[PDB]
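Chemist: The residues making up each chain are set out below.
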Amino acid sequence: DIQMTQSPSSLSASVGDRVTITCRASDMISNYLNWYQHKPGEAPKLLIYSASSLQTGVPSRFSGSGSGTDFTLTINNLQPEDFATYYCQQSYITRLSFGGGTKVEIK
Amino acid sequence: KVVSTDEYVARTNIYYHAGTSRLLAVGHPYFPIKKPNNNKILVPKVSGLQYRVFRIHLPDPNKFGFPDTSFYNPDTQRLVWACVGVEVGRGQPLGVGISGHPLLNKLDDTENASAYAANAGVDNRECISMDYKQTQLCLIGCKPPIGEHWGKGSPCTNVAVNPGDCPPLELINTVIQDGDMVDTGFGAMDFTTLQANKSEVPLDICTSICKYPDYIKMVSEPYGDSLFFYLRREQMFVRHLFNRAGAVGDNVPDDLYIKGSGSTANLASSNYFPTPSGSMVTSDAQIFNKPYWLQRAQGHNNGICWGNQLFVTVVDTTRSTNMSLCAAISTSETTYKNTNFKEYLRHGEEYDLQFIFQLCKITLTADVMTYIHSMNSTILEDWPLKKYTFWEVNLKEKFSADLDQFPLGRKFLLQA
Amino acid sequence: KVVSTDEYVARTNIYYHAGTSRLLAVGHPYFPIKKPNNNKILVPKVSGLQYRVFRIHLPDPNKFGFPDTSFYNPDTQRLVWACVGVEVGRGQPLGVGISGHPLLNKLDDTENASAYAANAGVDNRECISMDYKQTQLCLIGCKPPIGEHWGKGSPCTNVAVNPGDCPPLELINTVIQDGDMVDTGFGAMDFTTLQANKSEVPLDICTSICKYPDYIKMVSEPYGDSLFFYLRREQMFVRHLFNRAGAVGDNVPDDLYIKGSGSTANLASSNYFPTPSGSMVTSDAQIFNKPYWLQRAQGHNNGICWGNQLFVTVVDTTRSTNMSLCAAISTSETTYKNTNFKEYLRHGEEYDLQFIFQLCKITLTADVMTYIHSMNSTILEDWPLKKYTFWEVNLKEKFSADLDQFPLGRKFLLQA
Amino acid sequence: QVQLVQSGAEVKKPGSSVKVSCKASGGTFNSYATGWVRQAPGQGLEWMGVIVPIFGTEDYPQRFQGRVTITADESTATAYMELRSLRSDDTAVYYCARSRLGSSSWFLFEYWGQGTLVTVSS
Numbered sequence: 001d002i003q004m005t006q007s008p009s010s011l012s013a014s015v016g017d018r019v020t021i022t023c024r025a026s027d028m029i030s031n032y033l034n035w036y037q038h039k040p041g042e043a044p045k046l047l048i049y050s051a052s053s054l055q056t057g058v059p060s061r062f063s064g065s066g067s068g069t070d071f072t073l074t075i076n077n078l079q080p081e082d083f084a085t086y087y088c089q090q091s092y093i094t095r096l097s098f099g100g101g102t103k104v105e106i107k
Numbered sequence: 020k021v022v023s024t025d026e027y028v029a030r031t032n033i034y035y036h037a038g039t040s041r042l043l044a045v046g047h048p049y050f051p052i053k054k055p056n057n058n059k060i061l062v063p064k065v066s067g068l069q070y071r072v073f074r075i076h077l078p079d080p081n082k083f084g085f086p087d088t089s090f091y092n093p094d095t096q097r098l099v100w101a102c103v104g105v106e107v108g109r110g111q112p113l114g115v116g117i118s119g120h121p122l123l124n125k126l127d128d129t130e131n132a133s134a135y136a137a138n139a140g141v142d143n144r145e146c147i148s149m150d151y152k153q154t155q156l157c158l159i160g161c162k163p164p165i166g167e168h169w170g171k172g173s174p175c176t177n178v179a180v181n182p183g184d185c186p187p188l189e190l191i192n193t194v195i196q197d198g199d200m201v202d203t204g205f206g207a208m209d210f211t212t213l214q215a216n217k218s219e220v221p222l223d224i225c226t227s228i229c230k231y232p233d234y235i236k237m238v239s240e241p242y243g244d245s246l247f248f249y250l251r252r253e254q255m256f257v258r259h260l261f262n263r264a265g266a267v268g269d270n271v272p273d274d275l276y277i278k279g280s281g282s283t284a285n286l287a288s289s290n291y292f293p294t295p296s297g298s299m300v301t302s303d304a305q306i307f308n309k310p311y312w313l314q315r316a317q318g319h320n321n322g323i324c325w326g327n328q329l330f331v332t333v334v335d336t337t338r339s340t341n342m343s344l345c346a347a348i349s350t351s352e353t354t355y356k357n358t359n360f361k362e363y364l365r366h367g368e369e370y371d372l373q374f375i376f377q378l379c380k381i382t383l384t385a386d387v388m389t390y391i392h393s394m395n396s397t398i399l400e401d402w440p441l442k443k444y445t446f447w448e449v450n451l452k453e454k455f456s457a458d459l460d461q462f463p464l465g466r467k468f469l470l471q472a
Numbered sequence: 020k021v022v023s024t025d026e027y028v029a030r031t032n033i034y035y036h037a038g039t040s041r042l043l044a045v046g047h048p049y050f051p052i053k054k055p056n057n058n059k060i061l062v063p064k065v066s067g068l069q070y071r072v073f074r075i076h077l078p079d080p081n082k083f084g085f086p087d088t089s090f091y092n093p094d095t096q097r098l099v100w101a102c103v104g105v106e107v108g109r110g111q112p113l114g115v116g117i118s119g120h121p122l123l124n125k126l127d128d129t130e131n132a133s134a135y136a137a138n139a140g141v142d143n144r145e146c147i148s149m150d151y152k153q154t155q156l157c158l159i160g161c162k163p164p165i166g167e168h169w170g171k172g173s174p175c176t177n178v179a180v181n182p183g184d185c186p187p188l189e190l191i192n193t194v195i196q197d198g199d200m201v202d203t204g205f206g207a208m209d210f211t212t213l214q215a216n217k218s219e220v221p222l223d224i225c226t227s228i229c230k231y232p233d234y235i236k237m238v239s240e241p242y243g244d245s246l247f248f249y250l251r252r253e254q255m256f257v258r259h260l261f262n263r264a265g266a267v268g269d270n271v272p273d274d275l276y277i278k279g280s281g282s283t284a285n286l287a288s289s290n291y292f293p294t295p296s297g298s299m300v301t302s303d304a305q306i307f308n309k310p311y312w313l314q315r316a317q318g319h320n321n322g323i324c325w326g327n328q329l330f331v332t333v334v335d336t337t338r339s340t341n342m343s344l345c346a347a348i349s350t351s352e353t354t355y356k357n358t359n360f361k362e363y364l365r366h367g368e369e370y371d372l373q374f375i376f377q378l379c380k381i382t383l384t385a386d387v388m389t390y391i392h393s394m395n396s397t398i399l400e401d402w440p441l442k443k444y445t446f447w448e449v450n451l452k453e454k455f456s457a458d459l460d461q462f463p464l465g466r467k468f469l470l471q472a
Numbered sequence: 001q002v003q004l005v006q007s008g009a010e011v012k013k014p015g016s017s018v019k020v021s022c023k024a025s026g027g028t029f030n031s032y033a034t035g036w037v038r039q040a041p042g043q044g045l046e047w048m049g050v051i052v053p054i055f056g057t058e059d060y061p062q063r064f065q066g067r068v069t070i071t072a073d074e075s076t077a078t079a080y081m082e083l084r085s086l087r088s089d090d091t092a093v094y095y096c097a098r099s100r101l102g103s104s105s106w107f108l109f110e111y112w113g114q115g116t117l118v119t120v121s122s
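Residue numbers (PDB author numbering), protein chains in the order written: chain B, 1 to 107; chain F, 20 to 402, 440 to 472; chain O, 20 to 402, 440 to 472; chain A, 1 to 122.
What the hints contain is simulated information worked out from the structure, not anything from laboratory work.
Cβ coordinates follow ideal geometry from the N, Cα and C atoms, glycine included.
It is possible that some hints are incorrect.
As the list claims (entries may be wrong) - Quick list of in silico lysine to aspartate or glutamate cross-link-like pairs, DMTMM-like style, CA-CA up to 25 Å: (1) O:452 / F:240; (2) F:236 / O:368; (3) O:217 / F:274; (4) O:64 / F:189; (5) O:467 / F:26; (6) O:54 / F:269; (7) O:454 / O:352; (8) F:20 / O:87; (9) O:59 / F:269; (10) O:467 / F:25; (11) F:236 / O:458; (12) O:54 / F:274; (13) B:39 / A:110; (14) O:309 / F:244; (15) A:23 / O:352; (16) O:467 / F:269; (17) O:152 / F:128.
Unchecked claim - Restraint ranges, calculated between C-beta atoms of paired labels, are given here: (18) B:61 / A:39: 18 to 28 Å; (19) F:386 / O:90: 47 to 57 Å; (20) F:21 / O:86: 12 to 22 Å; (21) F:309 / O:254: 24 to 34 Å; (22) A:39 / B:7: 14 to 24 Å; (23) F:462 / O:347: 54 to 64 Å; (24) O:182 / F:131: 29 to 39 Å; (25) B:70 / A:39: 45 to 55 Å; (26) O:62 / B:7: 46 to 56 Å; (27) A:82 / F:362: 56 to 66 Å; (28) O:351 / B:41: 55 to 65 Å; (29) F:112 / O:134: 31 to 41 Å.
Take these sequences, add in the hints, and give me the full structure.
Modeler: Right, here's the structure in full:
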């Protein structure tokens with residue numbers, strides 16, 4: 001299988017800031033990376049697939065970029081509804097796996 | 020114990036000639052044409068890959084009017100016809116016909132590939148045509164032929180059956196009738212019951228049964244009434260190699276491959292099927308328009324037509340050209356438009372048959388009576441096939457003793 | 020010194036007929052179907068390119084019940100069966116089957132090329148199918164056949180062996196059993212031990228051994244018991260020319276080419292492999308459904324079935340059509356979806372065998388006893441093959457002296 | 001639109017087996033790929049297995065092979081997950097993820113269940 005590392009594990013931000021989360025793969029996985037958002041009491045929700053494409057109904061303030069072993073998620077103009085937990089997921093092989101998770105909090 | 024007919028049947032030196040004038044059949048090569056509101060057929064289905072079964076009726080020689088009678092004693096003799104020569108005349112030019120499906124289940128061309136199919140769709144069906152395998156065959160007998168095919172069986176009741184399971188398979192023997200379908204390169208199976216998507220074989224066999232003659236069972240019959248003579252000739256090769264689309268019924272074992280990644284994370288279809296092709300029609304390979312002499316049959320029956328009845332089965336795919344017809348809806352336009360013309364397909368087929376018969380007589384002693392009664396009870400009573445369809449031929453009014461007045465009689469007199 | 024059987028074996032004028040009714044086999048053409056939790060086989064593997072080895076058991080003529088006994092003296096005579104005629108009846112229509120791999124190691128098409136492959140990837144495997152070469156063969160004997168293939172050898176211990184080295188090659192002779200694989204156009208080798216990536220040959224031979232009959236060793240046997248009669252006919256040609264992907268085991272010498280630049284800075288693969296193709300199946304080229312008369316064998320053994328035992332080996336790839344089956348999961352939809360149907364593949368195969376046997380007697384003198392004991396010790400004791445699998449045929453209850461009641465007996469009586 | 005409904009909370013004893021369902025209610029689905037996820041108290045998300053009935057795919061992680069079975073029924077459009085030999089570390093919330101045929105990839109898991117709580121204790 002493939003192990004994935006997500007950084008950082010926790011960060012604090014204020015409304016209107018820019019937040020970046022880095023994701024690193026143990027092998028070359030091309031662009032087979034997806035980003036998920038999870039809030040307490042709800043199901044996980046997909047934001048970015050194939051490391052660049054934006055899911056329908058998602059604000060354009062979310063973006064993602066990367067390839068090979070390095071990927072990143074960017075959120076511009078943070079809003080009060082953006083405070084959640086974010087996860088990587090590789091889909092290079094049929095034995096999928098998740099990252100550690102990054103929790104965004106209020107400064 | 021079964022004895023040969025040469026022991027208890029005596030042959031005389033009287034010969035007769037019989038023949039049909041001409042038989043024609045015109046129709047649609049794929050499906051019948053029917054009225055929308057009604058269910059009565061307007062244009063029948065006439066195809067080059069249909070079994071042609073002719074059931075021929077002969078006069079009763081006991082009631083037949085002979086110029087001379089002293090050659091036999093009606094008090095202790097009975098008469099019967101024997102076949103000694105057959106010719107099947109076959110008109111029309113040589114040709115090859117093709118068939119296909121507008122929604123045939125084809126996924127990819129696997130003969131040569133450069134990219135991997137990593138995404139599945141909802142409907143991947145295509146409009147595909149091909150030409151079938153090449154086949155000629157002729158069978159002659161006094162009973163209708165027997166064919167075999169693959170069909171569904173009765174499952175065991177120990178465990179339940181879920182939707183989508185593989186149907187069980189068994190081999191079924193039936194009687195070949197006029198209008199049945201011959202094998203085209205996909206096998207001898209019931210496509211109606213063993214295929215549910217209706218999109219795996221072309222339109223003229225997708226709801227039919229393809230049957231193959233049961234030669235082994237026919238020649239093993241103790242009396243040998245169902246086959247006096249037979250010829251066969253068939254050939255095919257492979258033109259295209261494709262996949263099929265659908266859900267995977269049986270998974271490939273994990274010890275036959277190494278798993279991939281990226282585009283090859285999942286596996287492509289392993290339900291490969293080929294495209295058949297008959298090669299080429301030539302005049303030198305024809306088995307028709309030639310006379311057959313029935314000197315000595317393989318079985319114990321040596322051409323005696325019990326019950327005044329004959330059966331001839333013919334298949335010939337070497338004349339299967341379909342004609343395209345076009346009709347103009349409006350002729351008041353000087354520029355071509357696709358919507359101003361209508362297109363139709365037709366197929367026509369022509370036949371001729373001619374026979375030489377010999378008169379035989381049988382002495383009815385106690386042992387002979389017992390043997391014939393054990394062989395067939397209806398023969399003594401005369402001195440069943442109502443649920444089958446054959447092409448009926450009535451030769452009760454076409455015999456002549458002037459043997460040299462006909463093309464086949466000249467050859468018969470020439471060979472002897 | 021080895022002498023012919025015609026010297027110490029006396030033949031009588033008593034003949035018997037034997038035959039099986041019908042043999043059927045239905046299964047999956049590529050791999051067996053097995054339960055996930057269990058290891059018991061649900062659907063066996065039945066393919067058109069498998070060796071069919073029938074082991075036939077005969078009654079002991081010493082204990083057999085003959086109407087007459089005065090023709091021999093049990094005090095000094097012993098009886099044995101001799102084979103004088105064989106027919107292998109073969110059902111089903113003629114067809115061609117195809118096979119392939121979903122992850123077959125193909126890099127490029129080298130028949131015609133216009134651009135150079137200057138970049139290497141991680142996985143370049145493709146979904147490729149083809150049709151195999153055409154082969155028919157029949158062997159008859161009283162001992163199981165012998166085949167040959169290429170396998171690994173024992174390396175020398177002088178130097179160590181690093182991972183990735185070329186395995187050593189040697190030629191190995193074994194006994195052919197029922198269900199083995201015949202050559203398909205890739206050679207007679209063990210694909211399990213000589214190939215490690217599991218992606219170089221199709222799915223039905225990627226973990227099997229392909230064997231070829233050892234005719235030279237079989238005909239050079241001093242006693243000639245393993246082969247009384249044999250027929251063979253095979254053909255193939257080349258359809259496609261490809262490359263292979265991987266690391267280069269052996270580099271091309273620098274004195275065979277001039278180095279390039281740019282796109283041609285590095286060299287492309289030189290591990291070329293072709294795609295086989297049998298051409299075309301015809302009725303005129305068939306070796307089956309014909310009787311064979313065993314007048315005079317090539318070796319010293321002339322059809323004597325020592326130990327009341329016979330072996331028949333059959334290969335026939337001219338009837339190898341695979342049937343596609345479809346089952347509907349839900350029928351409550353009026354629009355076609357790929358996920359509402361399941362696809363399956365099946366293969367069915369039909370056989371018949373019939374034989375004519377002659378009764379022989381042997382006088383047991385001191386010299387004859389010594390010679391037979393030196394030839395085979397078990398014969399005298401009666402008056440081994442437990443780790444092999446054959447298709448067992450039991451004819452201990454199917455003999456009849458009424459020779460003309462069967463299709464083969466009529467031909468036998470007709471030829472003489 | 002379409003909503004996935006899961007079964008109720010489960011309380012099991014160690015050594016037993018549990019089975020969870022996932023039914024699609026609205027419209028016609030025609031599922032593409034099915035997978036199961038879980039979250040333990042105070043931990044992250046763990047993938048537990050995927051099946052893709054087209055292409056004939058069925059794959060589970062190494063730590064879960066032999067105890068997890070994932071099944072799908074297309075006639076009723078219902079997914080099932082089976083756990084055998086339950087342990088005290090299997091107390092968690094389980095989520096059903098599904099993809100619909102007609103999308104651009106098999107890993108576009110846009111449909112999720114509400115989650116089912118499973119407690120393994122004595």
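Chemist: Could you run down the list of hints and mark each one as holding or not?
Modeler: Consistency of the hints with the structure:
1. In summary, the hint linking residue 452 of chain O to residue 240 of chain F is supported, as the alpha carbons are separated by about 23 Å, within the 25 Å threshold.
2. Straight-line distance between C-alpha atoms of residue 236 of chain F and residue 368 of chain O comes to about 16 Å, which keeps the hinted pair within the 25 Å bound.
3. Annotation: proposed proximity of residue 217 of chain O to residue 274 of chain F holds, straight-line Cα distance about 9 Å (limit 25 Å).
4. Our distance criterion of 25 Å between C-alpha atoms is met by residue 64 of chain O and residue 189 of chain F, whose separation comes to about 17 Å.
5. With a C-alpha separation of about 19 Å, the suggested pairing of residue 467 of chain O with residue 26 of chain F holds against the 25 Å cut-off.
6. With a CA separation close to 11 Å, the supplied pair residue 54 of chain O and residue 269 of chain F stays within the 25 Å bound.
7. For a cut-off of 25 Å, the pair hint linking residue 454 of chain O to residue 352 of chain O is broken: about 55 Å separates their Cα positions.
8. Proposed proximity of residue 20 of chain F and residue 87 of chain O is supported: the alpha carbons are some 21 Å apart, at most 25 Å.
9. In summary, the hint linking residue 59 of chain O to residue 269 of chain F is supported, as the alpha carbons are separated by about 16 Å, within the 25 Å threshold.
10. Pair hint residue 467 of chain O plus residue 25 of chain F holds up; C-alpha atoms about 17 Å apart against a cutoff of 25 Å.
11. With a C-alpha separation of about 19 Å, the suggested pairing of residue 236 of chain F with residue 458 of chain O holds against the 25 Å cut-off.
12. Between residue 54 of chain O and residue 274 of chain F, the direct Cα distance comes to roughly 15 Å. Compliance with the 25 Å bound is thereby established for this hinted pair.
13. Distance hint between residue 39 of chain B and residue 110 of chain A is fulfilled; the C-alpha atoms sit about 16 Å from each other, no more than 25 Å.
14. Proposed proximity of residue 309 of chain O and residue 244 of chain F is supported: the alpha carbons are some 22 Å apart, at most 25 Å.
15. The suggested pairing of residue 23 of chain A with residue 352 of chain O holds, with an alpha-carbon distance near 19 Å, which does not exceed 25 Å.
16. In summary, the hint linking residue 467 of chain O to residue 269 of chain F is not supported, as the alpha carbons are separated by about 47 Å, beyond the 25 Å threshold.
17. For a cut-off of 25 Å, the pair hint linking residue 152 of chain O to residue 128 of chain F stands: about 21 Å separates their Cα positions.
18. At roughly 27 Å, the beta-carbon separation of residue 61 of chain B and residue 39 of chain A lies within the given 18 to 28 Å, and the hint holds.
19. Separation of residue 386 of chain F from residue 90 of chain O is about 32 Å and departs from the stated range, judged on CB atoms against 47 to 57 Å.
20. Taking the beta carbon of each, residue 21 of chain F and residue 86 of chain O are about 21 Å apart, inside 12 to 22 Å as hinted.
21. Distance hint check: the CB atoms of residue 309 of chain F and residue 254 of chain O are about 30 Å apart, consistent with the given range 24 to 34 Å.
22. The given range of 14 to 24 Å is respected by residue 39 of chain A and residue 7 of chain B, whose C-beta atoms sit roughly 21 Å from each other.
23. At roughly 58 Å, the beta carbons of residue 462 of chain F and residue 347 of chain O sit within the given window of 54 to 64 Å.
24. Here the CB-CB span from residue 182 of chain O to residue 131 of chain F is close to 34 Å, well matched to the stated 29 to 39 Å.
25. Taking the beta carbon of each, residue 70 of chain B and residue 39 of chain A are about 27 Å apart, not inside 45 to 55 Å as hinted.
26. A beta carbon spacing of about 52 Å between residue 62 of chain O and residue 7 of chain B agrees with the range 46 to 56 Å that was offered as a hint.
27. Distance hint for residue 82 of chain A and residue 362 of chain F: a CB-CB separation of about 57 Å, consistent with the stated range 56 to 66 Å.
28. At roughly 37 Å, the beta carbons of residue 351 of chain O and residue 41 of chain B sit outside the given window of 55 to 65 Å.
29. Distance hint check for residue 112 of chain F and residue 134 of chain O: the Cβ-Cβ separation is about 48 Å, which falls outside the suggested range of 31 to 41 Å.
The structure fails to meet hints 7, 16, 19, 25, 28, 29 from the earlier list, while all remaining hints are met.
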